[PDB]
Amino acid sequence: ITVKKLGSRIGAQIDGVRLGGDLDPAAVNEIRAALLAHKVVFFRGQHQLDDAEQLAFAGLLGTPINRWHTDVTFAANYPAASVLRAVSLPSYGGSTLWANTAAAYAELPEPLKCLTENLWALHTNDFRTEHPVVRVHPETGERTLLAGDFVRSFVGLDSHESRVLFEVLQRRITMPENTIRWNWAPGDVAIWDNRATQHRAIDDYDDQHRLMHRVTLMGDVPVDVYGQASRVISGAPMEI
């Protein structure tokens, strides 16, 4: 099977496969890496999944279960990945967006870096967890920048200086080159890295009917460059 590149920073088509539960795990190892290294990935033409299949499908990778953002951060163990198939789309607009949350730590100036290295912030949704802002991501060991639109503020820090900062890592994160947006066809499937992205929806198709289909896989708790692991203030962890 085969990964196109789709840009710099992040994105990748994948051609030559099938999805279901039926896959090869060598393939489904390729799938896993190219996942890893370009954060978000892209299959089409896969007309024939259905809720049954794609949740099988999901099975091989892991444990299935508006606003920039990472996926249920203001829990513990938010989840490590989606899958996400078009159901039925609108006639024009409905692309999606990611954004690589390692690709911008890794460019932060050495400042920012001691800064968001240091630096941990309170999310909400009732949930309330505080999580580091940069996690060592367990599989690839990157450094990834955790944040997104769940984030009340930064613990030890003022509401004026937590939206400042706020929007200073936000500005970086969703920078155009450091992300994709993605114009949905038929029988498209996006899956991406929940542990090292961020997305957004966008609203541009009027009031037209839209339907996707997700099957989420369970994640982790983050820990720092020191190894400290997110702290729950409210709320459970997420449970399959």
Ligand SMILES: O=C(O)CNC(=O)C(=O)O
Given for the second form:
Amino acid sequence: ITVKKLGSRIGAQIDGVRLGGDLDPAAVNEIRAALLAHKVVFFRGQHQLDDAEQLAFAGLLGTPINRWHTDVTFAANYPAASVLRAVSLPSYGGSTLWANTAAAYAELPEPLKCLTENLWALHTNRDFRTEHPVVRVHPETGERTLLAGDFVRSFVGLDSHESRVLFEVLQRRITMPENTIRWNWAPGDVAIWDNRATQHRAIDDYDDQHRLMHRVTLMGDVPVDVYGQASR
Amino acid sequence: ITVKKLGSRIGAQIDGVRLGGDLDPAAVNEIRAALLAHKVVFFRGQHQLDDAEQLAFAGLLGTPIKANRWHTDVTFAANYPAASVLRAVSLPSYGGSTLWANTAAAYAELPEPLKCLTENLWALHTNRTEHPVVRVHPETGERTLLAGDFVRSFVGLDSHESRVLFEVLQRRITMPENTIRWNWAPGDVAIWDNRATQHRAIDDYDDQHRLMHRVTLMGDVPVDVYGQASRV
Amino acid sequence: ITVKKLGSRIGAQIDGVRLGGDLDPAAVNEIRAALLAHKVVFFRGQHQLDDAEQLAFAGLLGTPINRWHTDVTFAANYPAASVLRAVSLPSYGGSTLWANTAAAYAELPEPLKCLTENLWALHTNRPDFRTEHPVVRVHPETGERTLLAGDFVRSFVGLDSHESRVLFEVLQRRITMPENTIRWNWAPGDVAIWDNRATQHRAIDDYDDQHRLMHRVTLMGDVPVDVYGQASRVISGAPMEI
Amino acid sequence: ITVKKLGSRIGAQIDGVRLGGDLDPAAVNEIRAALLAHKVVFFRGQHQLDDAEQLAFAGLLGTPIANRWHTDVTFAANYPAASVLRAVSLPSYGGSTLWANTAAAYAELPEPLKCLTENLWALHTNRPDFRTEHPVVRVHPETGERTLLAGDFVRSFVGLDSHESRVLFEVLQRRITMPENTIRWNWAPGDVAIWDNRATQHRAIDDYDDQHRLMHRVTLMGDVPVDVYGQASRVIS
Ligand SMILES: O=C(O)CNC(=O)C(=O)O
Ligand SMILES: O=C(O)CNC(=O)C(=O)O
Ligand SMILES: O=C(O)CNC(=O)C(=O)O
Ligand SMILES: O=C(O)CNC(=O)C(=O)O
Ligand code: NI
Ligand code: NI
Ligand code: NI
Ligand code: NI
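For the form deposited with this ligand bound instead of the form solved without this ligand, what are the coordinates?
Now the full complex is given, and it begins with the chain already shown.
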């Protein structure tokens, strides 16, 4: 099971793997290890995956159930990761972006660290309304990762202007091209992204063409800040 | 001799042509027509090209005259170049992709208030030349935005206003739906209409050396909607 | 009769005028003249002026009905002017700010004029008033073009949240710039009258939790029109009456 | 000596004292106690002040050495502590001056913004090429209060890029210069303002057209700022 690097801070393709229920435990752990490090991983030539087969593979990794976002952060226990498969693609366009929120935190100056560490945001669908920290400690890897995205409505104890301004400041660093991967989809492609340490965005640049994408989301946990305080 | 669409607002790939001086006038008309329409065009497997053959080809288009920040080339100069012919000589093992943006579509998709603004707005480009923010393209006749990283300020506006407005325009230009991100492979050639485009390198390949052979053409002096030339 | 200027772009004090309901017609014109030119005018030592007398005086100018704002712009026919009298003031602080929106427009770069002339804003209270106003309205009397924004603004039509707030703050910065504002320190028995169709105003909460009371009388206004001559659109709620 | 308050966060007027070099220690201690507390203090009815008499009174406070919000000469490391400004020739109208309380500004920062500012450093320049790196928060030598340090001289913040510098700068300046945290003095003849430059910003207002305006100032010697952790400012040039 080889793992080719795609970008400096994010992205890695994986070859010599046939996804499915019949997978070797050691093979699954290497995928899990590659996922945590590279934040998003890709598998090409997976034309054997139907809905039932993709569900089986997701069962090994975890537990099954446009604008820059982390999936369903308005919820308290937002999902850990997702497995997305291309089934029907447009003849042009329809790529997807991913950002590394772990490297986003790491490359902050110390003042912006002090800021984000003690800053809390209100995530909502704009009626679920969760209060998340802007920096969560990743339970598995132990990395500190920024938590924001389009669901963010405001920051706690902070006015509209300051919330809006700081939000875009943080988003500017997260989405900065050097910290992102843009995947050109093809038939039989499968993406897996760690939702605890990523942000993603669909690109609506295929006009009025159809584009079906069968996703399988895994079960998530409640974030905690550097001090160890849960969301509310 | 076909040309296929890559994105809704930008990007095309021209397959079925060997780039060189031998190409007939009809072939150049296909390339030019695609280039003006699609703003950036790409060729695949141009292994025959070197420096001499590429320079000979570039001469058919016009007269041959870090970059990790959204820019139009040499806009600090008055008669900045029309288009460029960039070729992959040697690439990194991973990353080293390039972004493109359609500044013609950007203008066309402006609300009328912002059209009012940009048509009448002027920017100071430097590393000192006053360009208009909207210029009329001398072939297609399309109004296209002219900004980028070389802009220090806007004429009539102060530091705050200049920046705040500058961000607003660049947010629309560099919007992902208005961009193509090329993954360079050996023997790839990209040609972009520097008049009607904006581009950006991505330093997502650590300390790996990336050599790119560019041939930039002769360009004309901008004029705004009123036909006013760029002062110096 | 005397009209002392306070600032370059806004503000004027008017002495030798006892405000009342039996004021001379020519004296009302002198006041109205200054109010149009100086946008806000001030009167001192008006101890006799009670509530009953204030309403009578207000009836001469027109028809009787904290963050930078123009009063009740969530409504379509928002007031033309107001008459604020000081009845109870704190021991310190509690001043009020005014901004000249006619001069604000006048001193826009041509690009920002181009923008604002064609720009429209949604004003709302959150009762459920929602009104689309032109950002630049033509003043009926003076014929001057004046910026119409303020706290009641919610979004600009056609633009997204980021652009709206960005451009909103750019305009508000020019409107509320110190060189374009007056700051009145209230003394007992003072009166302020402002042209609401060519001003924004702001209370300053810099007197802690203290008592501050001032009775107001608001004059009925008209529905704004842009430079093209297009009336403001009403989404929800009715116009103001009486 | 009576000392009336002007605003809740800033400003105070002091009556019952004629400014001069022959003031009793007790009197000057009250004037300073007022200055420290209220940031800026005003002395009306001082039509008798000569330049020499102004310099005399200034010598009791310390050692004798523009239409944008600034702290005087923050491009220098040991920038002035306070100044005593006097009106000599005023316009027919306008010409007021603004003052902000940068001590109260810091205090009212949410916990996140304290984190930011406490660890943030700025480059102050004169655009002579005095270039200094100050902390965005300094501990005041006398009061012990933490005050925001910025103004027009700030070229950028250390660690942050151009966009982030400007954005965050403007966020701070908005909080500092918020009307609730400001005092706007209407200059009358024979008025004297005294502001604590270590705990304030100020701004001239060009709202007197092109009229003649003359102001005579006596600035006092100040110390080098030190952040919460206790690190002095660095002279780059
Ligand atoms: O790739 C895409 O189209 C984006 N997918 C998602 O946002 C998602 O699965 O939540
Ligand atoms: O392709 C790249 O890396 C960017 N090229 C340029 O900015 C250029 O040729 O001017
Ligand atoms: O003067 C003040 O304190 C503010 N008054 C108003 O906003 C008003 O009357 O609408
Ligand atoms: O009083 C003014 O207009 C401004 N004064 C100063 O900026 C100063 O004394 O440093
Ligand atoms: Ni998603
Ligand atoms: Ni370039
Ligand atoms: Ni009001
Ligand atoms: Ni000064």
